[PDB]
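This document opens with one chain alone, in structure tokens, the form solved without the partner chain.
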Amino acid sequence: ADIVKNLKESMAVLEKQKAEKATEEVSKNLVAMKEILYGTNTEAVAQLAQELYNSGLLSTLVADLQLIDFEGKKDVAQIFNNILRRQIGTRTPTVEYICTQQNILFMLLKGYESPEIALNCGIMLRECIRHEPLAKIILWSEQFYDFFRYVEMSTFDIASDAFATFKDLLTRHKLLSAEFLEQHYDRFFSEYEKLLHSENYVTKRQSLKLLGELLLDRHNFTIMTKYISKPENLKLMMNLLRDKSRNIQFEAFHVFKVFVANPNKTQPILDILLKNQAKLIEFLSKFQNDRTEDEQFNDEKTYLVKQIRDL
């Protein structure tokens, strides 16, 4: 693959500070590689693989993102996600590759900090997370907690893009995810509490929704038992219940409804509910009654009311 090497040569030229001739070579080979890569997803022409991996192209394309023009950056993402999906027999060679070249993952993560390459970075990153091995390397790294900064990042676009990656990492692979959340409880949920206190509307919303999703998965049962035993967390759901915004309240309900539904509430949790019994009934009875379509919701409300009434 002359192409692989010309792209690397052509990119090394850009990497300094001719630019037109290289800027134009780079696009061209970017287009050629896209064009080669449109064929199928174990024969001696695994020499092409050995060649790709050896050349270090996949890092350079990621590391050099910023020297590349806007349509170029889409090509890179496309090229890259294409190489990462390919299978040789049962293995996924690129997955094993990046296991040995972890800085590819950490460069992609770090891209959310660059408004000019954020969105390409997330495209490549969500493609990596598809693979338990790379998700695992990202979950167990300290760089993971950068997501709490990025999701409140800047512009709407990026922040929503970071969150989707955030979300996927925490839900796609259940056993690994449950495992992360158990080993990192205090740290993770202290950081998550900060998100719940956010003044940003999209932030509380997304986080609330994800929270309830995290807590209702049977894989996270212990994470959950714990979380719903903390008076502090309950007061937080309850205060989110009176948020000026009907979408926040709705999401807070779904976290709230878990604290109450739990057959064994710790004494502190019980006591909170009882302290505010009358006020709870009065809230629930009036709470978003115009939402009639959602049967499960109506039922949940009607149950909490009895439970509470039944304390």
Second form
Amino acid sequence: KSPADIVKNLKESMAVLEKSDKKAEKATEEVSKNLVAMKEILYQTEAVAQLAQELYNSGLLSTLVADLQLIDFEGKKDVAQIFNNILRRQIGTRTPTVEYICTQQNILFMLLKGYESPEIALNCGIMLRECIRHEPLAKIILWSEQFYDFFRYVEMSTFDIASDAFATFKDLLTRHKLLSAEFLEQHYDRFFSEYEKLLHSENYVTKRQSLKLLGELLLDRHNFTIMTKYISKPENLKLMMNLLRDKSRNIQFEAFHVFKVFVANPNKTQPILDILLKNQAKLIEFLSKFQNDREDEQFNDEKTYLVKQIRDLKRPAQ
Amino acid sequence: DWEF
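Moving from the form solved without the partner chain, what structure would you give for the form deposited with the partner chain bound?
Every chain and every other molecule in the complex is listed next, the one we just looked at coming first.
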């Protein structure tokens, strides 16, 4: 019937699925039909308004996420599509679904945990990335302990799911600049301790993507304090220098981008300057020959700049 | 090799 009726029926069928065969087959068919009916409402401006209000009030939005594993293949995608549409609802300047989730945070924790269930992981990723577009929801996820679960997810043996988790992880770290910069600063030690492990991943993809994201993070103006701290640690310089000799050409190239940051720094700590001086002639020679086959031009100009930087390295006043 |  109306939005309220569809919401009531869907809530009842969901209840049956949680409780088979005859009864289960009917409830699954009824769930599928109601989800399709809800989509038809989305595509009466007040009908949509009514559906949203009923969705918040009844707790059905939350139930659809909690029970996603129980829903059929196409039905799971319909939940994602409905959720993604309702999430963007606006009333004047307000986004009611975002305010709603801020007081219903378990929706986010359940979606995150969903990465651990093969049959719902990608749909959870889709909904999570839509949530992440809203700074308050990105914040809840980023400050949560569950954020560290991404370090496990991107190292998962099922590479497609690991790649999807990485896209979510990257979005969280790069979309809201001030928010990400404040997070990285406040949890610097734990975050980089975990990230350092990604740079040794056996999944060549996770490793390459992790090195590329590190470069992007260090170069954003909002992350200046984090960058300054990262390029002050001998162990980080060591790792980047060793990656310049990685068996993978792409890895070496991504490592070169971070390496440049360490060298361009006008105020190096002594442990950093000492490593560069200890390898000065070797670095000059190495850079003069580094992937000289590669015509990038921006790359060639960077090598010219780094060779001069290394040649000009000097100990300051004691 | 590099020397650290």
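In this text, rigid core is short for the largest set of C-alphas that superpose within 1.5 Å between two forms. Numbering follows the first chain given and starts at 1.
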Exercise for the section: Align on the core first; then indicate which of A63, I269, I248, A49 has a CA shift of 2 angstroms or more between these two forms. Expected result: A49
Practice task
For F283, tell me the Cα shift between these two forms once the rigid core is superposed, in Å to one decimal.
Solution key: 1.9
Exercise for the section: Please state the CA displacement of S154 between these two forms in angstrom, with both forms fitted on the core. Expected result: 2.5
